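Got chain A; can you put chain B with the ligands on it based on the hints?
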Amino acid sequence: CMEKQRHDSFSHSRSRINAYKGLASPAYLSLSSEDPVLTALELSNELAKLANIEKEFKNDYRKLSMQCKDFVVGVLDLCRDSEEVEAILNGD
Amino acid sequence: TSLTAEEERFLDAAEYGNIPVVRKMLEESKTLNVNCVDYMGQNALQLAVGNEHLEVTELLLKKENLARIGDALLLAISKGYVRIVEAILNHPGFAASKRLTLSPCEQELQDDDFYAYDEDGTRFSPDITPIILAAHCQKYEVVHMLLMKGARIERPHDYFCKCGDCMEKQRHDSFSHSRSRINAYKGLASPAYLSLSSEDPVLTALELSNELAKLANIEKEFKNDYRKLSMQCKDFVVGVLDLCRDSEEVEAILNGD
Ligand SMILES: [Zn+2]
Ligand SMILES: [Zn+2]
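Taken in sequence, the protein lines are chains A and B. If you count the first sequence from 1, you need to add 186 to reach the deposited numbering. If you count the second sequence from 1, you need to add 21 to reach the deposited numbering.
Please keep in mind that the hints were generated in silico from the structure rather than gathered at the bench. Hints may be right or wrong, so weigh each one.
So these bits of chain B aren't anywhere near chain A, every CB distance computed over 10 Å [as the list claims (entries may be wrong)]:
1) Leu121
2) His157
3) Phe243
The list that follows gives simulated cross-link-like pairs (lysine-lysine, DSS-like), each with its CA atoms no further than 27 Å apart [as the list claims (entries may be wrong)]:
4) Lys255/A / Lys51/B
5) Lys255/A / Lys241/B
6) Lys190/A / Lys241/A
7) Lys255/A / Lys249/B
8) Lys84/B / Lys51/B
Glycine included, every Cβ here is placed at the ideal spot set by N, Cα and C.
Looking at chain A on its own, in the form it has when it is part of the complex:
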């Protein structure tokens, strides 16, 4: 990370933004791992913290956290049974 930071820091930030944009994809969120709603919530929190820290690409990280929030609310929304609602509102 330090070697990447020494030269071309702008490309370093761009690469981090692109990697998080890949992680915060609804497709990647759903197909990446089991319990994708918890993963989406944790990733959204991490993106919000990074938006606080960076203070330069704040709109990008806010957009990505919005994508994660949209994924969480969309996964919740499609529930049509109470058991699905209970499973989403609390895991194993």
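Chain B with the ligands in isolation, oriented as in the chain A frame:
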């Protein structure tokens, strides 16, 4: 894939609509059961219904023992395949049973995979009947067809009802109960269902709008849904009024018989 070569050929012929190939495969073949489905795929009937093939769907429906016929009907109703809907309704399963009128969840013991979908659930909510789905889509032709069969969207009971059926539904899965009530009212408040449901549809729309507004006051949880449905009824009333071009039509709309 657990499927064999001949059933793979039949499935691709049905999905791509190769009517001669499907007819050759399904006629006088000991093997190649018609209701062969992939592990996580679609039935031959579902393939021939999702892509409009009235001839292929009719050939599939010719076989007496076919699975997920109700799912094929729901797929055709969700779309505009009026001829496919008519063909599926002409099947002896719908004609000589209470299957069409009642919802997939509460029609019968539902042991047979009539309305069933790929593996676990149904294509739509288990509470959505064919007529409710048609009203949802505002399919005027399909709504009229289902009405001619006697399939009418039954009005849900009062919010404070205390009968045995409503209480039993309330005891477990109350969220699904509320979802079913919302879907039934969405079917009732369809402009298509409002117009084609009964005589004097403007009065029916006004009364239904008032009932929906009262329910929005009472529920305080799905207030936006009931406000949207009452807005749909108000739009229907104003639209029916608007199309008047003669004073007699205006007088008839502004006061009934
Ligand atoms: Zn590092
Ligand atoms: Zn009741």
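Now for the hints, and whether the structure bears them out:
1. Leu121: Per Cβ check, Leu121/B is outside 10 Å of chain A; nearest 22 Å; holds.
2. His157: holds (14 Å)
3. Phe243: Given a closest Cβ separation of 13 Å, the condition holds.
4. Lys255/A / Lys51/B: violated (54 Å)
5. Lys255/A / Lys241/B: Given that 27 Å is the threshold and the Cα spacing comes to 25 Å, the pair holds.
6. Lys190/A / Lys241/A: holds (20 Å)
7. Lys255/A / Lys249/B: holds (25 Å)
8. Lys84/B / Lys51/B: Cα-Cα ~13 Å, so holds.
Going down the numbered hints, you'll see the structure goes against just number 4.
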